[PDB]
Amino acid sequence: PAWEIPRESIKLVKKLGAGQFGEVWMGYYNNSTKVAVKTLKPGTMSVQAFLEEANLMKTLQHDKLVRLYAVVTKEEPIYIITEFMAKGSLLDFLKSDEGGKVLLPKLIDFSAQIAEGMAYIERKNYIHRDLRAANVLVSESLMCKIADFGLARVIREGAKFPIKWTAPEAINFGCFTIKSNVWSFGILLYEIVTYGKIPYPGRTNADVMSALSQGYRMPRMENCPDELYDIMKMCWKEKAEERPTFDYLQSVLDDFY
């Protein structure tokens, strides 16, 4: 489409992290604009499946969602070119020395920004299904943007749902809705307020989905305001229909300080 650009208009400068699925790089499109390049390591995924993320990003465009600039698909090493996020994932950032110094006011902000991006997704009648701090990216001005739309669908070829972030009715009955994203968001609040701690410390994925069938919820976590725990408990309601809208979460979070 007009999303294809020639490989030559992209220079890869610094490697940001590898893995099984591929690499992530900092680069430039035409020298001027600072970009992020996601590289597909060939053989791993299909080219259609790797591009499904970008394919979705063509439709989902908002300030609190990482934007797609272009793709390189013409030749073997496929690239996905997106907006550069200087501070990396929210998870990495919260765990860094700089991130550990960020107090509650900006944590609630972070949280309210993500609820804003989600409110767009739900208004667009979409679901993310993989909502967690490692899939949220932080810019230099400390703006939060939802990234990783690999599991996003309109309401899987080779990427698993994040068990410890997934709603009980989704695990047990395969019911993925915007309300299950609301659950995930509750767990994401837990990651923010604890500075990137794993959900359900010392529990395997299996312990968790067994415990959730017995109605377990993580207890009020240290250094978490009563009101903010009430937000989480609202996202973790057993009945999906009784969980709040993302438009509401963004509203109540913003009224905090």
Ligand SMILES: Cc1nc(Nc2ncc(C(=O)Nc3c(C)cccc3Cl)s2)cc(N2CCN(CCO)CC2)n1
Second form
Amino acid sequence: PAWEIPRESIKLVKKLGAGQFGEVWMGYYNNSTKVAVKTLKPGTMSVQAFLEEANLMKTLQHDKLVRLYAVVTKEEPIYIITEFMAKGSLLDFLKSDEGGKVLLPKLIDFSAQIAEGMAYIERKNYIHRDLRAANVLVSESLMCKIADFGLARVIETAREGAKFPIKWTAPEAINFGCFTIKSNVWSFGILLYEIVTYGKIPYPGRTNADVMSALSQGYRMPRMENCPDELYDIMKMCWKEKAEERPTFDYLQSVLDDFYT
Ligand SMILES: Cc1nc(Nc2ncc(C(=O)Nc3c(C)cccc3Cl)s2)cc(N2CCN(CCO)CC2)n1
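Mind pulling up the form deposited with the named molecule bound next to the form solved without the named molecule we just looked at?
Below, the chain from earlier opens the complete complex, with every other chain and molecule after it.
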């Protein structure tokens, strides 16, 4: 479309990450605008499936979601160009010495910002399916934005090399293949655990299979050290066995915007 831009109007400067399917760079569109560039490593992924993410981002545009700016899809090395988030992923940020100094009022603010982005996705009739701290990005001004739309779908299917985050996925989605906005709410509850514990892995020392088995037996993570009851009740609401009895993202954004600290 008019999402295509000439290659020359993009200068790649600093390599930020390397995956099996390519690379992530910080760069510049036309000298002016600071951007992030995702590079497709040829042949590993299809070019079709690599761009599936961008095509979805074309239609998914909100303040609390990382914005697409453009693509380069005319010759071999395929680029996806987006809004740049200075602080990197929320997970990595929480584990850093800086994030480890970020107190509970601001942590609850983080989660509310994410609940807002998810309220949009809900309202837009989409699902994310890959909602975790690793897939949220932090700006200089400490704004949290939902990233990584590889597994995202419109309601009523998986991209190449995909892989669901077992420990973040609702049991009904694992066992019955039932991905809905309500399975994202489960994920959000796990994301809340990640925020309050400063980027700790879900179910410490437990294997994915132990997790799957334990959940079918009615296990939920016990209240975490230094996490107020009111916050744990919100997590608990997200992990309700019966999907239909889990809250809306509109409710979560409201209640978290409403928790004073
Ligand atoms: C992995 C990473 N990304 C950063 N910024 C990004 N902004 C937006 C990103 C993104 O991927 N967008 C995107 C694209 C491009 C395509 C499809 C979909 C999407 Cl959502 S990646 C910063 C960062 N840093 C390294 C560690 N730091 C501490 C030590 O200095 C700070 C900075 N590392």
